[PDB]
Amino acid sequence: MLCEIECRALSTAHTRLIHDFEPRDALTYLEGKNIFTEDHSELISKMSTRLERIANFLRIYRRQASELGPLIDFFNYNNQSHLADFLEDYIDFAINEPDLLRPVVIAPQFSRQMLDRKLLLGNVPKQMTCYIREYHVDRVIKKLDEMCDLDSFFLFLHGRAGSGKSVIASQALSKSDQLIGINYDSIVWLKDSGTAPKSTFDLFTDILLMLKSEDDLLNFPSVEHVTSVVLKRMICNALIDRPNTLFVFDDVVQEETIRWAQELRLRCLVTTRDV
Amino acid sequence: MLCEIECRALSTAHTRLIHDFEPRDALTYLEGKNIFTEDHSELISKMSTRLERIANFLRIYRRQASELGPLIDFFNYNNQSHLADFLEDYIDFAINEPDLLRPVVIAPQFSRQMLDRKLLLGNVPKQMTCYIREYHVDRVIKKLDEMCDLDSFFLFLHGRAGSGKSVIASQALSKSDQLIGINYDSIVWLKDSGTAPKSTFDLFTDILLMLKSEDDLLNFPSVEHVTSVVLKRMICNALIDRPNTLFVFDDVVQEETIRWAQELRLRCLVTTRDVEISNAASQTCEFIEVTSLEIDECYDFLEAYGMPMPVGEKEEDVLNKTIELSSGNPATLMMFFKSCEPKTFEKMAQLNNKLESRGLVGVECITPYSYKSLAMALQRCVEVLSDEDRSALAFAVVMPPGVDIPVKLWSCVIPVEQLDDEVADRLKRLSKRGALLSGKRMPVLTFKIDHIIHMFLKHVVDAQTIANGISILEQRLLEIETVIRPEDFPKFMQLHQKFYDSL
Amino acid sequence: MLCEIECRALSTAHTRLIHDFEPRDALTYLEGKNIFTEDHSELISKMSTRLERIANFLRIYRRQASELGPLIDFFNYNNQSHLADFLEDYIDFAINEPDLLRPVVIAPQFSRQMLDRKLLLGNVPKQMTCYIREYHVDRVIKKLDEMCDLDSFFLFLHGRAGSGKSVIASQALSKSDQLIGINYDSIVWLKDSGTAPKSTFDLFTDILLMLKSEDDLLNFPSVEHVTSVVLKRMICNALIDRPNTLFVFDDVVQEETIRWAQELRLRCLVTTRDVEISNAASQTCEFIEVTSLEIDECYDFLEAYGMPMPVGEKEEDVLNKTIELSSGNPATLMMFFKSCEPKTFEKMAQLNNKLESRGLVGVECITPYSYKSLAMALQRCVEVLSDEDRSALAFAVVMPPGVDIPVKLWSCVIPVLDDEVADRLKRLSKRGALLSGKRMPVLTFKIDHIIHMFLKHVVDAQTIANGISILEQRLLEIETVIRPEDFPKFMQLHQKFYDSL
Ligand SMILES: Nc1ncnc2c1ncn2[C@@H]1O[C@H](COP(=O)(O)OP(=O)(O)OP(=O)(O)O)[C@@H](O)[C@H]1O
Ligand SMILES: Nc1ncnc2c1ncn2[C@@H]1O[C@H](COP(=O)(O)OP(=O)(O)OP(=O)(O)O)[C@@H](O)[C@H]1O
Ligand SMILES: Nc1ncnc2c1ncn2[C@@H]1O[C@H](COP(=O)(O)OP(=O)(O)OP(=O)(O)O)[C@@H](O)[C@H]1O
Ligand SMILES: [Mg+2]
Ligand SMILES: [Mg+2]
Ligand SMILES: [Mg+2]
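Going line by line, the protein sequences match chains B, A and B'. A prime marks a further copy of an entry chain.
If you count the first sequence from 1, position 138 lands on 138 in the authors' numbering, and the numbers rise without skipping.
Counting with the authors' numbering, you get residues 1 to 416, 424 to 487, 521 to 543 for the letters of the second sequence.
Counting with the authors' numbering, you get residues 1 to 416, 426 to 487, 521 to 543 for the letters of the third sequence.
The hints are simulated quantities; they were obtained by calculation from the structure and are not laboratory data.
It is possible that some hints are incorrect.
[Claimed, not checked] List time: in silico DSS-like cross-link candidates among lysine-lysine, alpha-carbon distance up to 25 Å:
#, chain 1, residue 1, chain 2, residue 2
1, B', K465, B', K455
2, B', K435, A, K435
3, B', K465, B', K439
4, B', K343, A, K435
5, A, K198, B', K347
6, A, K232, B, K232
7, B, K191, B, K142
Can you build the whole structure from these sequences, using the hints too?
This is how it looks when you write it as structure tokens:
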């Protein structure tokens with residue numbers, strides 16, 4: 001197999017590999033340098049359009065070669081050297097230097113991305129604006145940054161009632177552009193307020209659905225009736241597709257919540273009154 | 001069908017079969033060498049993602065082939081020989097040269113981030129960090145390593161209640177990188193705590209689902225209604241796709257569990273309080289007892305959680321009072337800390353009092369324990385007790401705790424010819440079953456009740472039955521230090537007048 | 001059509017027919033030698049990949065040719081002679097010699113195959129290891145080997161309760177590698193224990209599912225509601241895919257089971273306590289009785305489980321007391337060990353007492369047995385008993401155990426020429442082996458101790474004393523030696539073993 005660098009190259013130089021190229025031209029040269037099979041060449045060789053032969057050549061290729069050699073050593077011979085030169089240039093601006101791009105910005109306006117889009121979908125409330133508690137929103141954000149490294153952790157933003165804890169979580173996830181995108185990929189903000197004994201399970205029913213794709217909210221089953229061991233397994237399942245995901249649990253009253261959060265190895269911001 | 005070796009290989013070499021491979025490529029070569037069917041290839045050939053075609057190819061394959069030949073003889077032809085070479089290497093470090101498989105072909109792919117994936121999915125709890133019981137977590141891991149070879153086996157991590165067994169399994173499967181990946185492929189950790197007769201079946205309903213693929217949890221049927229013979233057959237079925245899989249059964253109370261585990265030929269770690277559930281298994285049973293925390297370990301545990309270490313002599317004593325009271329007990333010790341508020345040696349001694357005049361309820365607190373106080377736990381240990389044994393225990397209140405005392409001196413308070428060995432038989436069952444007592448063969452057959460196991464009974468038995476047992480003692484009490525009490529001096533239990541007047 | 005030899009060749013030489021070959025090359029040569037059709041060549045000739053043209057050439061070919069000639073006579077002409085030579089070599093190492101491979105081993109480690117895999121899926125229990133009854137597990141296996149030839153047959157591994165029958169079936173199918181793989185292809189081991197009339201049908205519901213593929217356990221219908229004629233037809237249907245399949249029916253109580261087993265033409269191992277269920281079958285019935293553990297085997301069994309062997313004379317005696325008491329019995333013996341706590345010859349003798357003054361309940365313990373004590377088992381063996389026979393048994397309390405005693409001496413306590430007594434006492438040993446028949450010197454039976462302290466703490470405390478009096482009445486009116527008819531007037535020899543009531 002290749003990797004992200006070698007596959008990012010076949011993708012970046014894609015506007016070009018469409019204007020002038022042909023997989024039939026390379027099939028003979030690759031059945032040869034030992035990177036194909038007589039079904040492989042059959043599959044890519046009998047394709048009505050070229051974008052088909054190209055998409056199959058780039059799919060099949062990324063699996064077969066130990067490296068990106070026998071494709072630079074081909075655009076050369078095929079009078080398509082303006083191609084093998086671009087790709088060799090790209091492999092060099094990474095092979096000879098240990099520095100690139102980090103998680104940052106090169107397609108700007110995270111203003112609808114990190115803001116709008118991710119906040120809204122994670123059910124984060126519309127941050128307060130006319131006064132901001134400097135000290136606190138800052139210290140929250142700081143201690144969250146320190147932890148994006150951690151595998152699972154609790155942050156307790158605890159206080160008096162109406163003391164203002166929940167508003168600060170709104171602001172701490174709404175000021176920076178780092179917490180969402182840079183430090184954590186997604187946000188899930190759920191209000192608890194559970195008092196009944198069925199509440200600590202019902203909560204995690206609506207997490208599981210905060211997770212599930214826009215598709216298959218239709219298929220949402222009578223999950224209403226299914227054991228705790230299963231909702232839990234069913235969640236940490238659907239939780240693979242969610243790299244670094246933050247959980248705000250606005251208003252926890254029951255420590256059973258907290259026990260579930262720790263069985264589910266979650267990353268949690270927690271507003272509560274009882275510490 | 002394949003087996004655990006041939007299926008453990010398809011699983012070990014899985015990080016790889018995902019990066020470069022395709023079941024469509026192999027379908028033609030296998031409809032051919034006679035190992036598939038025209039529905040088989042249909043089922044794996046029309047699948048949107050490849051991880052689907054791969055998981056179906058590896059599921060369908062493990063059932064169909066008499067061996068793992070026609071898949072090495074394919075990665076070769078498909079220019080994916082870096083694959084068929086790895087698998088042929090693995091099949092060779094098993095038949096000819098044994099042992100060498102784990103050091104050589106299994107370890108060079110360990111990854112401290114893959115464990116966590118496997119731990120989480122096997123529902124393993126978040127191992128403890130601020131103090132680790134060296135000795136035990138080590139010895140657990142050791143005896144598990146010795147057995148990955150074995151086909152099915154029971155490991156009994158048995159102890160007192162709140163004695164800390166379950167935490168150690170969290171750590172023993174969380175320290176090394178060997179137990180998961182090297183010695184066993186996957187983990188399934190399920191909490192039992194079953195009391196009903198439907199519980200031993202319900203357990204194995206949630207195993208079966210601990211096994212089943214992320215796919216077809218949707219299709220999960222009303223399996224809720226289906227015989228025991230079928231859930232059992234249905235499991236050992238879906239158990240093929242699981243080469244070397246470990247089972248932690250946190251908190252077994254019923255020996256029916258243990259009988260199912262042995263019909264299902266499972267590999268089991270077992271935390272329990274009652275040790276005799278092992279008599280259900282006619283098999284490789286090996287044991288590790290979680291003892292009361294030694295006096296030195298208690299210090300370590302205290303320091304670890306910011307607890308101030310002594311200086312003055314009547315301060316190391318304030319702390320020997322806590323260690324004596326919570327007769328070396330993880331769970332109640334923890335409840336103590338959470339409740340030691342100011343941290344002072346002073347407020348630490350305040351509590352030492354609260355413990356004598358309120359039993360365990362003086363320090364009951366919100367703790368990582370499912371239980372507010374050790375009394376909520378022991379409740380159960382006492383319900384399960386033989387009706388006759390429930391009686392024996394109930395009277396052992398009126399003893400001296402932390403004192404080694406003769407059988408006859410016990411024959412006096414305990415209910416029931425001329426030989427009262429029957430007392431001893433009950434007292435053994437009594438230490439075997441929640442470790443409520445304490446047996447000690449020579450110099451002379453004597454038992455002993457600790458303090459945690461005492462202030463339990465103090466604030467729990469009928470206020471009357473305490474005083475009735477005391478009188479029932481002062482009767483037999485007459486009729487004709522590192523030293524046990526002699527038979528010339530039983531007439532006077534008065535040595536412990538101190539620890540008797542406080543009733 | 002070809003056959004297994006000629007098709008095994010096209011398969012063995014397959015790694016090769018993929019590296020260099022082409023069905024287009026042979027189509028013309030075969031449309032010719034009369035072995036194809038102009039659709040055949042169309043079907044194999046228009047195929048994108050070659051593994052397609054090859055798999056269709058080898059599928060289509062195996063059906064069409066009377067033999068494997070016109071394919072050796074082709075790799076020759078096609079410069080692929082290194083192929084037609086390999087296949088002609090293979091056809092010769094079978095045509096010129098009458099010997100090959102048998103059902104055996106050439107892909108080794110049946111240790112997960114025959115063992116693990118087939119045993120587990122047939123729901124066979126985890127064989128015992130720390131002691132093996134040599135004689136028996138061996139004789140079981142032997143008589144099973146003799147029969148893999150047979151089309152359907154019953155093997156009755158019958159004995160006392162807790163006498164150890166089921167464990168031996170675990171071992172007899174777990175020692176060898178022959179019984180599973182060599183003699184029989186698969187195993188189905190099902191526990192019966194059926195008492196209701198719906199039980200003999202419910203059993204066969206779970207056979208049918210022991211048979212059904214891993215696929216379509218999902219499709220399992222409400223088979224719960226469907227006639228007996230259909231479950232039966234539905235089974236012997238799904239039973240085609242199962243060449244030489246063995247059935248262990250652990251614990252049959254009802255002879256209706258046995259009638260179904262014989263309508264379904266099954267091959268059955270059968271553990272049971274009541275032996276007469278075999279009269280239900282008009283057939284090859286062969287039997288193996290699990291006797292009480294001989295005195296020497298008891299020693300072996302004790303040592304095997306860390307039990308201390310005698311020295312002093314009144315210590316081998318302490319141990320002959322246990323062996324006498326648990327009148328040689330696997331299950332109650334095991335309960336003893338689990339309960340022998342300190343291991344001392346002393347605490348061993350403590351228990352020897354507890355047994356006389358509390359019956360089997362003195363040593364009841366958690367054991368690999370489904371039962372706390374042998375009394376929980378025997379319960380059933382007694383319920384099943386003919387209403388009249390339940391009576392006969394109930395009185396045999398008032399006998400001397402471990403004593404060979406005459407029929408007339410029994411005619412005294414038993415309800416009703427009194428041969429009728431003997432008839433009941435036979436039914437009684439046949440049906441749970443509660444008694445013990447012994448033809449000459451004179452027709453005498455005998456009750457063991459385990460089969461006694463059962464009745465001791467179980468029959469009406471009154472009926473014991475009433476039978477004793479009912480005896481002292483008839484007792485008058487006119521060692522390796524049986525009691526003579528000149529001396530029946532005095533059952534007083536056993537005053538010792540009588541005063542203890
Ligand atoms: N800029 C602000 N910062 C903090 N609190 C504010 C601000 N503006 C208004 N508030 C008051 O706080 C209310 C919401 O309080 P908030 O939810 O922050 O407290 P809380 O800690 O969540 O209380 P709870 O104990 O109910 O969780 C607002 O609607 C208003 O009454
Ligand atoms: N190594 C440890 N570090 C910190 N706390 C511990 C440790 N061992 C035990 N405890 C205390 O005991 C509680 C859980 O005890 P644990 O579950 O380990 O005992 P247990 O033997 O499983 O009891 P049970 O058999 O009832 O499950 C924890 O909340 C903690 O308070
Ligand atoms: N190695 C052994 N061989 C024979 N019996 C044993 C052995 N070890 C233990 N036993 C005793 O036999 C018990 C199981 O008895 P078993 O099931 O063999 O008798 P059985 O003939 O099946 O009785 P049933 O009449 O109930 O069918 C064991 O759990 C134990 O009590
Ligand atoms: Mg709020
Ligand atoms: Mg626990
Ligand atoms: Mg049985």
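Query - Hints not upheld, ascending by number - result: Of the numbered hints, 2 and 5 do not hold.
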